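> The primary structure of each chain is shown beneath.
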Amino acid sequence: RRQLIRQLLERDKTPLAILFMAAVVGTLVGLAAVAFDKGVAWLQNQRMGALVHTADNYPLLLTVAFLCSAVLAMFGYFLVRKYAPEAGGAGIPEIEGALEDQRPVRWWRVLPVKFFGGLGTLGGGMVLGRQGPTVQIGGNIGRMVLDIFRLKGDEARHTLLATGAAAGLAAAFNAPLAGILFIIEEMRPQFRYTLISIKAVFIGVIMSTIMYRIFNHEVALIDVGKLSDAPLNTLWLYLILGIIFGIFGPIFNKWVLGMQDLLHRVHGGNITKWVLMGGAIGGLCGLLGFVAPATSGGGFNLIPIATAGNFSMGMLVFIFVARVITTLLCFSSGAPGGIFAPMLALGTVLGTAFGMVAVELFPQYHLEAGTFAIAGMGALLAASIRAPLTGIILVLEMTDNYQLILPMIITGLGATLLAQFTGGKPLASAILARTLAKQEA
Amino acid sequence: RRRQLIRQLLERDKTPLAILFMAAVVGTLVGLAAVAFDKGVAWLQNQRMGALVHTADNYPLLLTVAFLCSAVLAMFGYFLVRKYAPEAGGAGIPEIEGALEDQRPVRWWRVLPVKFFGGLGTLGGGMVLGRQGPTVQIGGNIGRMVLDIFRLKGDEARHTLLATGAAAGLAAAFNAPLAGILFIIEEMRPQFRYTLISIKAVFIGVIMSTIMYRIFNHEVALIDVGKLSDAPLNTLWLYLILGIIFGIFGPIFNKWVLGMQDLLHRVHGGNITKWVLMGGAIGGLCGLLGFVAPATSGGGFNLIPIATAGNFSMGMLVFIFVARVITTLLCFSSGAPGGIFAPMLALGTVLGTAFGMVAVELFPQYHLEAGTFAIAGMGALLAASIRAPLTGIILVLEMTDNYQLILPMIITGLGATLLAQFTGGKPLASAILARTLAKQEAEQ
Amino acid sequence: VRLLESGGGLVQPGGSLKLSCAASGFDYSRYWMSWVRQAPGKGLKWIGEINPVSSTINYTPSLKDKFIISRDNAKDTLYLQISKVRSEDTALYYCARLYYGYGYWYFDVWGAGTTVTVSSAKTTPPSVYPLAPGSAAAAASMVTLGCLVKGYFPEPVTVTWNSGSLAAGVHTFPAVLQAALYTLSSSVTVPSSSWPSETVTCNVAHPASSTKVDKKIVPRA
Amino acid sequence: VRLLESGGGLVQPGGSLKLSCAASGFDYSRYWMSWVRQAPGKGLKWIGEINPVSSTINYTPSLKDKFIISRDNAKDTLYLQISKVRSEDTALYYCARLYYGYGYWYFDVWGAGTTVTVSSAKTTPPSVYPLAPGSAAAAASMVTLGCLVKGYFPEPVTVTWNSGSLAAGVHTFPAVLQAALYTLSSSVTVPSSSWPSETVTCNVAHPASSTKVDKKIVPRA
Amino acid sequence: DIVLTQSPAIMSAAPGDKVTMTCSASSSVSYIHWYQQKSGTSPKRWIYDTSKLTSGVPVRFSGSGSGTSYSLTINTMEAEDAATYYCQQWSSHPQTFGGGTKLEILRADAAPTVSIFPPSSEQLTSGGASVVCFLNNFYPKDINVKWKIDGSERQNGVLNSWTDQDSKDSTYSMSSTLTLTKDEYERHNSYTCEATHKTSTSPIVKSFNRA
Amino acid sequence: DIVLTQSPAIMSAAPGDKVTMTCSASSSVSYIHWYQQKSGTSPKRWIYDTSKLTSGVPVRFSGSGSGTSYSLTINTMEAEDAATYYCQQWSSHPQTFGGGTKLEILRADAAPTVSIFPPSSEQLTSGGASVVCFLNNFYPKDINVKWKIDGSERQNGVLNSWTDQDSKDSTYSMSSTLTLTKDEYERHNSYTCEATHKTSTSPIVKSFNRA
Ligand SMILES: [Br-]
Ligand SMILES: [Br-]
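Chains as they are written, first to last, in the deposited numbering: chain B, 18 to 458; chain A, 17 to 460; chain E, 2 to 222; chain C, 2 to 222; chain F, 1 to 211; chain D, 1 to 211.
Hints are all accurate, no fakes.
Pairs of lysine-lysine residues, derived as DSSO-like cross-links and limited to a Cα-Cα distance of at most 27 Å, are as follows: (1) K243/A / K76/C; (2) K123/C / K182/D; (3) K182/F / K217/E.
The hints are simulated quantities; they were obtained by calculation from the structure and are not laboratory data.
Start from the sequences and build out the full structure, keeping to the hints where you can.
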């Protein structure tokens with residue numbers, strides 16, 4: 018006990034030097050994330066200046082709108098296998114591990130790999146997000162500096178990492194809170210005390226958020242406007258919606274997992290049987306991105322439209338499955354990109370549907386479909402990646418409907434609760450486990 | 017070694033159902049609890065008018081009645097503490113914080129009735145204390161109480177049912193579920209070691225109670241400041257300055273709160289009656305102020321909306337500041353049952369609005385709106401005195417709805433702690449446990 | 002918060018009338034607007050409701066387009082179109098603002114009213130005649146005046162005095178129908194020392210007829 | 002999104018005029034509104050600005066209440082009151098909408114703006130005279146016509162041809178002031194084979210004077 | 001759709017009395033509402049969610065009920081409570097209102113206040129000739145008017161209309177109006193108006209003569 | 001009161017040319033703005049924060065500068081760039097605008113077309129007598145008109161007004177109007193109108209005789 022009293026009087030005392038590094042980490046991640054996103058857009062840009070030019074001969078398009086996506090995906094998968102096997106994937110399970118010391122931060126590889134790689138896969142137009150790409154690229158930017166100034170000590174190693182990571186998740190979704198809340202609900206080596214300095218994360222987060230804000234003002238990622246509130250009697254309806262994501266949460270896990278083995282057979286491990294299967298999936302996506310874009314793309318741009326209700330009950334269901342597939346097939350393929358983003362779109366959609374059914378099933382409740390689209394927007398995020406708090410707050414962070422904060426919790430709790438009593442596990446951790454157990458042996 | 021890890025990984029987020037089913041009972045009771053406590057406390061502040069209006073003819077008559085009633089009540093308060101639950105007197109947090117480390121005891125069979133009725137006095141009387149902290153503690157006890165009635169054993173179900181009962185309180189209090197959660201994991205949580213607190217159980221407790229609260233408080237919120245303007249990039253630095261200011265003042269307000277409680281101990285040396293008298297005395301004084309400039313007395317909540325609007329003149333603020341800086345300590349340092357959590361919000365709102373006002377005329381090109389900084393600094397004395405930035409930052413956003421000031425609110429609440437660090441200062445929440453945990457021993 | 006609905010009036014069977022309801026004193030959006038009609042003597046019957054973005058609109062069990070509720074949030078106005086009208090449609094039409102407590106919605110703030118009379122008749126303005134005491138007026142403490150409003154169709158007429166500025170001591174008897182024409186009188190008792198000396202005016206209004214008249218009650222010269 | 006400001010006109014020294022600016026196409030609140038005036042020929046000069054809740058209002062270095070900016074968010078309208086006006090106040094008055102980038106505010110969206118002449122002089126309709134080519138008209142490929150609009154006050158006049166239907170080859174010189182009266186001419190070149198043979202009409206309008214005249218350009222006898 | 005039927009269709013009780021009105025639902029409802037409607041006014045939200053007085057409703061009023069049967073009560077009703085109360089539900093779409101209950105106040109006697117009025121000069125200028133005759137503020141409502149042209153009976157052309165119990169003084173007022181042709185009128189002189197009410201044995205006459 | 005002073009007051013350059021205009025501040029500014037103003041229209045926000053083209057501004061345009069001196073540029077200016085650009089700052093209250101710079105489609109010389117007219121018959125029927133004389137489409141703008149009554153000088157009563165550079169052909173047009181009393185006029189015959197422009201050494205005369 019005497020020890021305790023001593024530690025108490027010594028709380029929240031983190032070394033200034035660290036704190037001054039955090040600020041550099043945060044900053045760079047900033048310019049980093051920005052750049053990556055600017056570039057990726059630029060390529061998706063070119064893939065029109067190509068489609069419009071051949072907007073006369075149809076199969077000509079379909080063809081160009083396949084080649085360009087394939088050529089890029091390949092350039093992507095290639096830059097991965099032959100240079101940074103690790104990068105391929107969301108980018109989180111690694112960062113998650115590095116925090117436990119089981120994996121390595123080969124930043125002198127990962128950075129350029131993941132960065133340029135992604136621009137391919139992403140800019141091409143596959144079903145992957147550019148968020149996770151920044152989480153990882155974040156961590157590495159952290160380490161990189163931790164190595165350039167040699168500062169040593171378990172605290173400055175874990176710290177400068179966790180922020181570079183957190184700083185990423187922030188500049189990504191212009192969502193500082195979630196960024197922080199992430200590093201302390203998920204990322205954080207879950208079964209032991211750690212020397213991660215919250216206060217250092219904060220500074221990192223901020224700084225990059227500013228960097229992001231410097232080059233992205235006036236415009237947000239999701240603009241669904243203020244939706245109605247949710248009256249006490251219609252709460253239960255969101256618990257139902259949870260249990261639904263709760264049983265489907267783990268299922269979408271087996272598949273993502275399984276599907277990556279079954280997709281391994283196709284190339285057995287061959288850089289070229291992979292790199293080819295790559296532009297192949299990729300090109301397919303780029304083709305879809307011009308014959309029903311709601312099946313392809315990051316997914317962000319269809320959330321606003323879905324939450325509005327503009328999709329018919331069917332068109333949704335179609336957009337669901339198509340994406341349920343086009344998501345795995347692109348994510349399970351080990352390509353560089355994140356499954357973090359496209360899960361949002363999946364939720365918005367599955368949710369909006371539940372809204373739509375609810376709407377006509379009880380017209381007395383005077384419901385607005387959208388509200389459940391937001392209720393469930395972060396529900397596949399609290400079943401697949403099982404970090405309710407990071408989820409819940411990431412939505413509120415970028416949809417601004419704090420009047421749905423009670424439902425969003427009551428939905429996100431039902432999420433995990435059934436993702437628990439029905440097998441299921443942190444799809445983020447499961448992967449490290451596989452990849453950490455496939456390591457030794 | 018990588019063997020173990022891999023195993024633990026495949027076993028994540030698996031909390032026993034029974035626990036999770038207790039969490040829901042804890043959360044519920046805290047709810048009706050918090051509700052009741054707040055209903056009652058209002059009812060007494062109510063009577064204290066049906067007393068003032070009746071004698072609204074003879075002036076000193078009022079002043080007098082508006083002193084006796086507050087004193088009679090404060091006394092009934094202090095009394096119900098010293099002679100029955102020495103622990104209760106205070107915010108209520110440092111104890112809950114300790115019980116989580118196993119150094120203090122959860123004498124709920126005492127604390128509940130004591131803290132509850134006690135507070136009604138002190139609070140209902142109209143002293144400078146909040147009714148939030150009073151619920152945090154009352155929360156924890158409600159947890160334990162059930163943990164003891166169903167005997168379920170195990171360090172997990174002990175720490176869990178406690179942490180929620182606690183969190184469940186802080187939520188039903190500020191109708192703020194998020195913060196309620198974020199609290200139990202940035203502050204309460206035994207800070208220097210892994211713990212078996214089941215986040216997912218907290219969630220269920222928090223929710224349930226928030227519902228209970230919402231059942232009996234709908235249509236109305238605690239703070240309605242409306243949507244303020246946003247804060248343009250070039251005016252960010254201004255909120256860092258405002259932070260540094262709370263940062264140097266953060267710890268100062270700590271010494272005082274601390275010191276003042278010793279200096280105020282001399283007056284009664286430890287005598288239940290030299291205390292119980294000094295009680296109604298401070299209390300009555302508050303009750304008197306609550307009718308000759310209410311902005312110096314009371315919880316402090318009801319003046320935030322007004323302050324944030326800008327309706328107070330630059331002076332009137334400064335006055336409201338100091339007066340409160342005092343009336344707060346004098347009431348909180350006095351070991352009376354009530355929370356220093358709430359009145360710190362008001363202090364912030366105020367000190368912040370001022371900074372706003374100065375800023376406003378200092379640079380009219382930034383097109384500022386004083387209020388924005390009033391919200392910036394609303395949780396700044398909360399990230400310097402109690403040093404829990406995240407719980408603070410989110411508690412505000414939880415009950416003022418201005419997420420367009422989330423960047424500034426951080427940049428302000430960071431400078432808060434940052435200088436509260438490079439200039440001594442420590443978790444005023446923790447320091448007390450320490451004193452109270454070091455005064456326990458070293459006394460033999 | 003004012004909910005003022007116009008439009009009502011006289012319509013011949015199988016006709017169509019666009020009732021309007023202008024809102025003021027609150028945010029039109031965020032609000033579910035509805036209509037409920039009260040048939041003379043009978044109770045209220047909910048017609049329809051139209052959510053904010055008008056992405057939802059329901060009506061009672063009534064066929065195809067008997068009713069067509071809509072709203073132009075740009076003018077904070079609620080609308081109602083009744084087509085192929087029939088006698089069952091003659092009633093008082095109110096537009097309410099909808100809200101809720103625990104969640105089981107209620108009709109929050111009901112507007113004024115507007116009346117729709119289905120008939121063949123003709124929208125007939127009214128004639129207003131001043132009812133001053135006789136020449137043998139036993140001018141006591143209080144003096145009772147009043148004005149007669151007769152020969153108008155359909156209901157209703159609104160009678161106020163000195164523009165409402167004189168509300169104590171006022172009466173307005175229910176209109177009586179006779180020969181496809183309505184007739185009612187309005188009583189207004191004032192202090193004698195207050196009348197001849199001042200100006201007692203009775204202001205009648207007949208919406209349908211689209212008329213307004215102010216009869217100045219003058220002693221029987 | 003439109004910013005339309007009315008009110009301007011003619012005012013005599015020492016007078017007062019309430020300029021109005023009606024906004025549409027965006028949320029009036031959340032927006033800082035301001036006015037800037039451009040003196041004929043000269044540049045722009047900022048007058049004032051009034052925040053949303055009108056809890057702040059600043060003006061340029063001007064005395065007491067030369068200006069009084071206000072706004073009624075209930076009508077999404079920005080106002081401006083100028084009192085004791087003098088010639089220096091004669092200019093085009095624009096009301097802008099205010100926003101910013103990094104934070105150093107800019108005048109976002111402007112409006113056409115109203116003109117304000119401050120003089121002694123008396124308003125006055127204009128006389129319109131047809132300017133047909135002389136008798137020694139060397140009728141070549143193109144024929145230049147035009148009509149003279151003189152002796153009017155105050156600005157402005159609008160000259161079109163054949164009702165605008167003839168817009169290519171049109172000129173309208175700036176009005177010149179002289180002896181408290183304005184005077185301008187309008188040129189319109191058309192194909193010779195197109196003129197005598199057809200009808201070349203010049204339509205002048207002077208809003209202030211409340212007049213409209215159509216002078217038919219006919220060949221000189 | 002739910003069939004709400006409010007029990008007493010019409011009821012009367014003397015102020016300071018405890019009155020209670022029922023509202024049964026055909027099926028099952030919850031969180032009923034109540035609207036108050038005084039003569040001449042659109043309904044007013046009184047009680048809601050089965051017992052939440054609205055901001056302003058005197059604490060005199062109280063709501064209650066459950067599932068199949070609900071009620072609304074007034075502990076010591078006041079005269080200003082005269083009106084028609086409507087219970088309504090929306091716990092099942094589509095919402096539905098009750099049949100309504102009309103509250104009437106029982107009070108003490110309060111004899112008329114007649115007023116005879118000679119056909120306006122302007123009405124006469126169009127063959128019409130209406131002899132209005134008011135009867136203001138009396139109680140009970142039972143009152144008998146009777147006309148006498150040149151001292152003789154008359155019932156042809158006579159039209160009466162009572163107002164509804166006043167919300168404040170709880171008295172009634174009724175107008176009687178005899179109509180005639182300018183000529184039919186001009187050929188007579190005495191136009192009396194006789195009112196018979198409980199408050200007196202000898203009727204109240206009030207006439208005027210053209211002469 | 002930052003004294004912003006835009007350098008070239010007026011300037012001309014042939015399209016596809018690279019043009020640059022300066023904007024110096026008396027003191028120190030940052031994040032200057034630019035507004036484009038074409039004849040007959042209220043200003044339009046062009047560039048801002050010292051180089052952010054506004055949604056729509058051709059990428060032809062570029063902003064720049066720093067603290068004491070800023071500039072705006074057009075890589076290959078087009079004809080539709082003829083207008084007046086106004087730099088404005090608000091990095092120091094109160095905001096302030098520059099003197100403005102007028103851009104003009106520098107062209108090739110154009111001989112002016114001179115058309116003279118006798119006073120309308122209708123104006124003469126009111127003592128007035130205006131002898132209008134146009135000068136259409138010429139360049140540069142420097143041009144000199146001179147009147148000659150019965151072959152003699154005359155400057156009294158003469159009023160001239162130039163139009164602003166045409167948006168399309170980038171030429172100028174200016175009218176000269178000699179006004180006289182119906183009598184003053186009638187007592188003369190020759191009314192010549194002489195125009196002297198760069199496009200020629202010998203002026204362009206254009207007269208008519210009442211006779
Ligand atoms: Br992603
Ligand atoms: Br508190």
